[PDB]
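Student: Here is what each chain is made of, one letter per residue.
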Amino acid sequence: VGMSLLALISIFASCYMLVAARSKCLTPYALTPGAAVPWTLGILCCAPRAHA
Amino acid sequence: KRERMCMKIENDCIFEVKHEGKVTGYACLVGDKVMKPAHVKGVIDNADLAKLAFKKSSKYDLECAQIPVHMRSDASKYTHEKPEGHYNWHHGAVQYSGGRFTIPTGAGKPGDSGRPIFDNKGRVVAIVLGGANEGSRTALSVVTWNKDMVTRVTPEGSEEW
Amino acid sequence: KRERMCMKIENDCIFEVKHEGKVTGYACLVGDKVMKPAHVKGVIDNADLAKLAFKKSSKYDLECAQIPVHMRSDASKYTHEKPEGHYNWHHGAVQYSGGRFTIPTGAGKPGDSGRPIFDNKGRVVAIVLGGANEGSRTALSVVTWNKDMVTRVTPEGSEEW
Amino acid sequence: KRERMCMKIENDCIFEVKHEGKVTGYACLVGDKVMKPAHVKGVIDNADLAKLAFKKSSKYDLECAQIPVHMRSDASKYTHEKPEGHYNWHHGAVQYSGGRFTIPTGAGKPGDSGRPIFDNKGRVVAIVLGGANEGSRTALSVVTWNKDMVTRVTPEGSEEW
Amino acid sequence: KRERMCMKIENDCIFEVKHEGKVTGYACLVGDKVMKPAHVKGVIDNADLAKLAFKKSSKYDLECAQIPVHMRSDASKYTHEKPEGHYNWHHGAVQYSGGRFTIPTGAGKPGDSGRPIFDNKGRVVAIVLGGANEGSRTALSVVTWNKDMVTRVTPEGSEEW
Amino acid sequence: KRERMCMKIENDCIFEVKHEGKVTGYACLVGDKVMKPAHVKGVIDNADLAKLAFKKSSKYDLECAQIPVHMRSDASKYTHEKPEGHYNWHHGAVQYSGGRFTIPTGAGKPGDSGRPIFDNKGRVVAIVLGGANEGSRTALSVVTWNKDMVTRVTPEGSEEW
Amino acid sequence: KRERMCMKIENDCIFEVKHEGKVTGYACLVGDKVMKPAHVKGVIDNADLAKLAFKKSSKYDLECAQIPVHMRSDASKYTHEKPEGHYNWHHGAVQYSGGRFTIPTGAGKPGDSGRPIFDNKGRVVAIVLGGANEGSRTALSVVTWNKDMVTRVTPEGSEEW
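Protein chains in written order, with the working numbering: chain A, 1 to 52; chain B, 53 to 213; chain C, 214 to 374; chain D, 375 to 535; chain E, 536 to 696; chain F, 697 to 857; chain G, 858 to 1018.
Isolated chain A, as found in the complex:
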């Protein structure tokens, strides 16, 4: 139980930190009337699938 609990904590921390890095990289493009830069769009998926 201890090992399983620690593994789950570690995997959740890694996933949350990945999503946070995504958001902090892609947030400045929500503050300009600018494009999404398809190169970065492909690697870092965004909630807008088609619009903007």
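FYI, nobody ran anything at the bench for these hints, they're computed from the structure.
Careful, some of the hints might be misleading.
EDC-like cross-link-like pairs, simulated, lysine to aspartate or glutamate; straight-line CA separation at most 16 Å [as the list claims (entries may be wrong)]:
| id | chain 1 | residue 1 | chain 2 | residue 2 |
| --- | --- | --- | --- | --- |
| 1 | D | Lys-396 | D | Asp-486 |
| 2 | B | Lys-173 | C | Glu-297 |
| 3 | B | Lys-161 | B | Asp-200 |
| 4 | E | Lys-557 | G | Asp-902 |
| 5 | E | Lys-553 | G | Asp-905 |
| 6 | B | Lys-129 | C | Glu-297 |
| 7 | B | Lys-60 | B | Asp-171 |
| 8 | C | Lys-254 | C | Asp-287 |
| 9 | G | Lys-879 | B | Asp-100 |
| 10 | B | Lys-85 | C | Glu-229 |
| 11 | F | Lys-843 | F | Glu-777 |
Simulated restraints, written as ranges between beta carbons of each label pair [as the list claims (entries may be wrong)]:
| id | chain 1 | residue 1 | chain 2 | residue 2 | range |
| --- | --- | --- | --- | --- | --- |
| 12 | F | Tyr-756 | E | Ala-642 | 50 to 58 Å |
| 13 | C | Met-220 | B | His-122 | 30 to 38 Å |
| 14 | E | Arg-650 | F | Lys-773 | 51 to 59 Å |
| 15 | E | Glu-551 | D | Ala-421 | 54 to 62 Å |
| 16 | A | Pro-33 | G | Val-900 | 39 to 47 Å |
| 17 | G | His-876 | E | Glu-551 | 24 to 32 Å |
| 18 | F | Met-845 | B | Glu-72 | 39 to 47 Å |
| 19 | E | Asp-547 | B | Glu-72 | 51 to 59 Å |
| 20 | E | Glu-551 | G | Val-900 | 20 to 28 Å |
Note that CB positions come from ideal geometry on N, CA and C, so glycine has one too.
Knowing the structure of chain A, use the given hints to seat chains B, C, D, E, F and G on it.
Tutor: Using the frame of chain A, we list chains B, C, D, E, F and G on its own:
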């Protein structure tokens, strides 16, 4: 002409924010996105505009939203070009020198944050955040725009109005 | 002058498309290709045009075909520059601002799709597909051309005509 | 015109330095940095300036400090351009020839070190450190700015005023 | 003139109290305290004044509160001395004789509690609570200011307004 | 007339007090005692007054000293009567209402502490310590004389100038 | 004339109803009973009316309540005879033709349910409920009165306003 047209823009494109019945800040409609400084807290004085979900950026002190379709046409128009010269503001004229915005009078007040600086043709260039009392003058901590990136300029000693 | 040339070129380069006997769409002739929106249903009001093989595309919503030789003299002229300014339309003048086409009236109606948008000089730029209820205006969802690529621009909330 | 603007700018951008009660030099507010020659001894005639911590450099004969926030509005504007021609000075007109600044008269006297040399438009280009008795003229040993670096010019025979 | 200052002070220092959507009382500002009659029930129509802590007294039929900092400049001024003569009122003129306030008009109606009776200089002297109709005159049951004590006078037959 | 006499008395009976060479307070001569607010620190600009021993009280926030004999002709006249009305101050007129000193202007700035408030005949009544922003007016936290006692009145929310 | 006392009776006998703060319907004071359409939702802008208990009937699409005693003088007068001809209404003149009430123009818009129909003398004849696009005109689905029983007439294809 210019003053009247800018006042028309402001009436159709600026909304107050209420907190505890007192005015706190203003939100402007630029391009296609509702703009509002993050440090200003309250609710936008509009039923339609309150229900929108805002995206935060505490590093840029800015909260943005995608405007709904039926206020899309009542919004100003934007640009990114900042040549040297003079520009407008709801409290007079503003001076752009050395990458800095200066107020002639020190007429800034608390609760004045978030009112845009206009261009000569009526375009929006920047969003005022705060003022640093520069002796007789007043430098502006303002949110300027690059070609595609928001950049925040903050002189020493600015206070969040 | 400009209105007269626009209406004459429309008259000789636009054909009606009717279904159950009522007019439903407008199929225009441009360059060297008969083009019409794919979402409209019916037949083109010309025996010669009705018998061609139309290439489909649902992503561009555009049906195209190669025109017969003896219709070449009544072909419009094409272009790909879109500088800021004003352009023509059967229902008035259309505004270009930030890559969007805007109709002042908000009087675009269903069944109007397929009408070309003309340049000042008599060349075409795009073909209207639908409109979005833009407050006092309507934003045009239109199909344009880049240097060699077809592009479809559909502002959010648009409804087909 | 030019002389009145120069006098006002100097009264707002130069402070005397007195030791044993007698003045010996002038500290100028250029850009955003208090600059005074290092060789002069005494105190600045101002509490805020006199309290400040000064960064020293003996090779440039210069002390600098970053000006406080409440005086940046009273600071001259600088530049790094040196076209050939004439320039202003509190003691008259200076002649720029062969990369050197020349005094038409030999009117420099000890205790006038640290007084800036002005441009046509009111910008500051150099700072006077000393003079050399060159015939009927006087060669000025000064401190300029390049695009980013400070350089020093000291013709032989110069004396620290 | 006396009318105009009385009305101005009334407009700056009277706030309606409405319960169940209908008006029932008035709360006035005197000195640096807010008064309200206690036989009336409702909520004062102001965000600041609704949430303030109120101290009650049914023996004196009165609730009080301490007013905030920003609103102290919008309050009347008090006085305790009550010489014989005439005094003002929102509904006309009142008389003081023999330790009672008499209404010449008999104009008292339910809901009339809570307007101050003014002095000849516009100063607050008392706050009306109820009336007793004695023939042509209406004797006022009113709460007043002594030098330090608050006293209430109630003639026989008064009814709460 | 009145203001000229006030300016004369001020010139005769105010000594400025600086700390690191910057004006911070004012020490006035009343009756036969020199008094100064305590929250302001510095030295009185007088050799004779520099050596005099001050008795201090931070509860009353004030320090005084017995004046030198030869300057007893250089002092105002005091009075304890404070009738309702208007009084003089170095920046205009002040209002005495309800036991409070109100500044009509809200023009008070830091460093104004120690400036006396004059009677109509030129007598000194009280000494300004601080100001509280009471909306459009400003309440004055001030030191007044009773017949025998010295008392201090300080509105809530004031700040030490 | 007719329109003038019609509008006076309108101001005395129609109250707006709001949901989400925006109006969607109206209530009328007829005879001795308040009546409002059932399908419209909201709250009446009056405390007395809001507190009453409404008898409901979905078959007739109507709810009613007994008016307060103090409002009994502010109610229009009704009738049961429906002579052929024309009648007045808030957006012009209506005509009664063959047992059907129709508007000349089809200018009625949703949210207008509850606006009463007056007679030549001003007597109340019927209450609007919905409209049916019948060609160039629009038939009115309304609530009438017989000698004793209410009847509802609804043209096929009508939509509730």
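Student: Next step is simple, just say for each hint if it's right about the structure.
Tutor: Evaluated hints:
{"no.": "1", "hint": "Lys-396(D) <-> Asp-486(D)", "in the structure": "holds (13 Å)"}
{"no.": "2", "hint": "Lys-173(B) <-> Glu-297(C)", "in the structure": "holds (15 Å)"}
{"no.": "3", "hint": "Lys-161(B) <-> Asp-200(B)", "in the structure": "violated (31 Å)"}
{"no.": "4", "hint": "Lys-557(E) <-> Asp-902(G)", "in the structure": "holds (12 Å)"}
{"no.": "5", "hint": "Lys-553(E) <-> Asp-905(G)", "in the structure": "holds (14 Å)"}
{"no.": "6", "hint": "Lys-129(B) <-> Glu-297(C)", "in the structure": "holds (14 Å)"}
{"no.": "7", "hint": "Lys-60(B) <-> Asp-171(B)", "in the structure": "holds (14 Å)"}
{"no.": "8", "hint": "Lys-254(C) <-> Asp-287(C)", "in the structure": "violated (25 Å)"}
{"no.": "9", "hint": "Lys-879(G) <-> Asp-100(B)", "in the structure": "holds (12 Å)"}
{"no.": "10", "hint": "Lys-85(B) <-> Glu-229(C)", "in the structure": "violated (40 Å)"}
{"no.": "11", "hint": "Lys-843(F) <-> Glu-777(F)", "in the structure": "holds (8 Å)"}
{"no.": "12", "hint": "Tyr-756(F) <-> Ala-642(E): 50 to 58 Å", "in the structure": "holds (53 Å)"}
{"no.": "13", "hint": "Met-220(C) <-> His-122(B): 30 to 38 Å", "in the structure": "holds (33 Å)"}
{"no.": "14", "hint": "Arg-650(E) <-> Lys-773(F): 51 to 59 Å", "in the structure": "violated (45 Å)"}
{"no.": "15", "hint": "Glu-551(E) <-> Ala-421(D): 54 to 62 Å", "in the structure": "holds (56 Å)"}
{"no.": "16", "hint": "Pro-33(A) <-> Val-900(G): 39 to 47 Å", "in the structure": "holds (42 Å)"}
{"no.": "17", "hint": "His-876(G) <-> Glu-551(E): 24 to 32 Å", "in the structure": "holds (26 Å)"}
{"no.": "18", "hint": "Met-845(F) <-> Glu-72(B): 39 to 47 Å", "in the structure": "holds (42 Å)"}
{"no.": "19", "hint": "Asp-547(E) <-> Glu-72(B): 51 to 59 Å", "in the structure": "violated (22 Å)"}
{"no.": "20", "hint": "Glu-551(E) <-> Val-900(G): 20 to 28 Å", "in the structure": "holds (22 Å)"}
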